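Okay, here's what each chain looks like letter by letter:
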Amino acid sequence: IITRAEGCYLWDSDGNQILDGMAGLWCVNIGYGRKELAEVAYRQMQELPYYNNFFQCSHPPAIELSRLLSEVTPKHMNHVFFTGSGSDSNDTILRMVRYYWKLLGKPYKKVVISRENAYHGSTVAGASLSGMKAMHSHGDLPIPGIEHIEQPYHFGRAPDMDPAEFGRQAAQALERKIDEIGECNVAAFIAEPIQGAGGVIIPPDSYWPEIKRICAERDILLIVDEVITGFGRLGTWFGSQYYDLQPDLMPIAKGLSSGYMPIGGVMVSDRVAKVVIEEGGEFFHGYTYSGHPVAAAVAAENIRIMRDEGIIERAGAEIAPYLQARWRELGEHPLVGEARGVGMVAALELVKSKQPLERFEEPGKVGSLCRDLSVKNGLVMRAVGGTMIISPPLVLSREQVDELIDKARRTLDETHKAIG
Amino acid sequence: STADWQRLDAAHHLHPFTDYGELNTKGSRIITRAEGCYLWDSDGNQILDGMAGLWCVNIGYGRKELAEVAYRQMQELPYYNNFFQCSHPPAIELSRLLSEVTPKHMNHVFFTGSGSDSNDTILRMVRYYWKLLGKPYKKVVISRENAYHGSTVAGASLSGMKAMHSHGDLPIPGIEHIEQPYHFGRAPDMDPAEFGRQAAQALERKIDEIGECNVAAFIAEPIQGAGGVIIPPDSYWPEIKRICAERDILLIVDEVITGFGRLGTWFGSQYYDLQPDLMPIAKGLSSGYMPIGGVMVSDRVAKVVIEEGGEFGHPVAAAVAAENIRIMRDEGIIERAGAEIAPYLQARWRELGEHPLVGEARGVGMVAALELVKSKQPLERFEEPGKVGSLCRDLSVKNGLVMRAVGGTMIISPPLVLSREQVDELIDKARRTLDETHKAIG
Ligand SMILES: Cc1ncc(COP(=O)(O)O)c(C=O)c1O
Ligand SMILES: Cc1ncc(COP(=O)(O)O)c(C=O)c1O
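Residue numbers (PDB author numbering), protein chains in the order written: chain A, 36 to 455; chain D, 7 to 318, 326 to 455.
It is worth saying that the hints were derived from the structure and are not from the lab. Each statement offered as a hint is correct.
For the chain D half of the interface with chain A, some residues (derived, Cβ under 8 angstroms), not all of them:
#1 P22
#2 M80
#3 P84
#4 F89
All C-beta atoms, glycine included, are put in the ideal place defined by N, C-alpha and C.
Start from the sequences, fold in the hints, and give me the full structure.
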C-alpha cells in the first residue's frame, strides 16, 4: 500500500522508501509526480472534456499530439490513428494491414506472423498474436490468420550455439514459415524490438539485420511493436532506430503518456499511408476515445517534457551506458548466468550453477521470491519465471543506478543463502 | 489558426471512421471548446449537440467537479496492481457504486479500457463459463444484422455492420448474425407487433439450425445505437427472454450507448425488464470525460467464473467515472431526464414526424430518430438515401445542431441535461434544417 511517489521513488504506508526500477509498468518515463501533467489535464478537461475524434469533426489536443508523433518519428512515419490502449492498437494494426493488402488486390495476404512468447495485447486479437500460451490457453485463441515462430532467446533455447549463428538461424525461422504458408498468403511479421513481458529477450545483434533481408526478398510488411520499447526505453526515442528498422506499422502506448493516461495509437509508414488514403475507400475501423482530448493533451505535454528537458537523450547517452555496464557486473554473481540489457532495460537470469549450468525445476518459485525480497530491500523488480528484470524511468541519475545495483546485489546475496 | 489547424489534421493526424482523402481537401471541423450542451469550433460558431458528442456526454459538458477529482487522482499513483496500491483506490468505490445502480443481480464488475475491449472479454468469458460448466462445445455467440458491439476485431465480428466484414474474411469463428427488428426498414406494413415476434422468434430459428449445444449466448443492444435508432416492436424483447430460457444460453445486453440514463431509465435492461448475464457499459460511465469501460456480471455467471475458476482499469479514469455516477444519482439527472424532459422531447420529436419528408418518428428517453423518405403516404424510399442525410447533416451543423445521419435515418441523443427550453431550440433547429433539405431536392 503506497502513499506517495515522486521522481523514481515510492513510499508505502510505513515510510519505506522504494526505488521503482520498474517504472510502474514500463511506462512512467518521466518518473512520478511531474505536476506539469496534472495541470494540463486539469486545464484541458475544462475547455473540451471530450469531442468525437473524427466521425464528423476533429479537435486540437489530438492534432497537436499527431504532429508531435509525426515529429519524434517523422522519417517515414507521419500519420497516427489513435486508440484507447496498447492492445487496442494492435487490433487496429491487424485489421488495417489486411485492408492494405485488400486495396492492392491481394485479399489472400492476410496472415500475420508473430513469435512464441511475444506480448501484443489482451484483446481477442492481441492475445492471439502474442505467444505467451497462457493467454492462448482458452481453447480457440490463435484465431485464423495467425501463425507463430521461434523467439531469439539465446539463453533459454540454445545457450551454446554461436550467438551470431543463433540469431541468423532464428531469424530464418521466418523465412522457414513463409514457404509453407506461402509468401502470397502472408501479410506481415510482427515483433517487439525487444520482447518485454516475455523476459527482457534481447536478440543477438544478428537477428534484426537478417529479418530485414527476409522482408525484402519477400513481399510482406514489418510491424515493430514499440509499445514497451517506445519513448526512450532503448536509449533512443524508439527501438526501431537502435535496430535500424524502418517499420511499416508501429503500435505505441504506455510511455506515450508515461502511464498517466489511457491512450495509444499506431504510427503509419508513408508506404502503407499512400495505399490507405489514395486508391482507398472508407476505413470503417474507428473507436470512441480514439484521440480523446484530455489524454492527447497529457501525452502532448509528456513528449513535450521529454525532448524539451532532454530526458531521453540523457538516459541513452549518459545513464544507459552506466546502467548496462554496472548490470553486467552482477554477471559475476553465483546466482546469475547471463546479464542482458540494451538502453534503459535489463534482466538477470537466475540459475543453479554457472560452470556446468543447470536450470531450476520450476525457476518461477525462485524469481517469484527474489522480487519480493527486492521490495523488502527497497527496490521494485519484475520477475518473469526465473528471469529478473528492470525498466526504470529515464530520469534515473548516475547515483540512483549505484543505488539500484547495490540494492540488487544485496537482494541476490540474500537469495543465495535461503537456498544454500 | 484554423487554416493551419486543418492543414495539420490532414498532414499527419488520422481519423477514425472516415474516407481519409475525401476530407483532406474539404478540411476538418475543429472544435475548441464546449460547455453545457454546446460546442464552439475554430470560427466560434455555437453548435447545439443533441448527439452527446458520441452518445456519452450525459453530464453535459464543462462539469468542474470532474476535472477537480482528475487533477487530484493524478496526484496519487496511476495503476492499481496487487503488490502496492493507492490507499482508498478509485477502482474500489466504483464497483460499489456500479453495483448499486445496476439491476440487482449484477454485483461484480470487471474494468477495461473501452467498450469494444469489454465485448471481447465478454466473448472470452462467455465461452469460459460454458467450459467450466462442462459444455466446451457451447461457443457460438449470436448478434443481429446492423448491430454495433465494438470495433476491436472481436467487436467488428460481433456487429452486423456488413461494411466491416466483407473487407476480407473477418467475422471470426463462432459468430453468427440474424434479423434486426427494424420494423420500418424491413416490414413497414406488417403489424408492428407481429414483426417483433417474427424477428424475435428468428432466434429460436437460428439455434434450430446450429444446435442448441453450440450457442453460448445471445447479445443485443436494448436498442441499436448506430445503424439507426432501431427501436423494437414492444413485442420483441418479451420473446427473446422466452427463447433464451428453454434454450440454455446466457444473455448479453449491450448497455454502452443505451446505458446510464439514455433510455429514461438508468439502463435499457431496466426499461425492457431484461436480466442480462453480461453487460458492457462504457459511454456515459464517465460521460466521456475519460476513457474507460467495463462489464457487469450477473450473480449466475459470476459464481462460475470467479469461484472455483479464480482465473480470468486505469485508476484516474475510475475516479472520474465514479464521480460522474455520483453526480447523476445525487442530482437526479437521470430521474428527471426520464420523467420531466423525456416525455416532453418524446412528444415534440413526433411533431417533426409530419414535415413533408418524415415517415417514422421513433424515440425512447433521450434518444430518438426519424426516417427520411421520398413521399409520405404514397410511401417511397430514396435511391441512395445516404446522399440525402449527408446533406441534412451539413445543414443541421450550419444551422447550429449536431444531428446524426445513419444512411437515411436522422438521429439525436442529447445530453441528459437538456432543458425544456433547449428542446425548443433543437426542435426548431431541426425543423429549419428539414425544410432546408426538402428544397435542395424538391
Ligand atoms: C508489446 C506490447 N504490445 C501491446 C501491449 C498492450 O498493453 P496495454 O493494453 O496495457 O496498453 C503491451 C504493453 O506492454 C506490449 O508490451
Ligand atoms: C453497443 C456498443 N458497444 C461498444 C461501442 C463502442 O465501443 P468503444 O467505446 O470501445 O469504442 C458502442 C458504440 O460505439 C456501442 O454502441
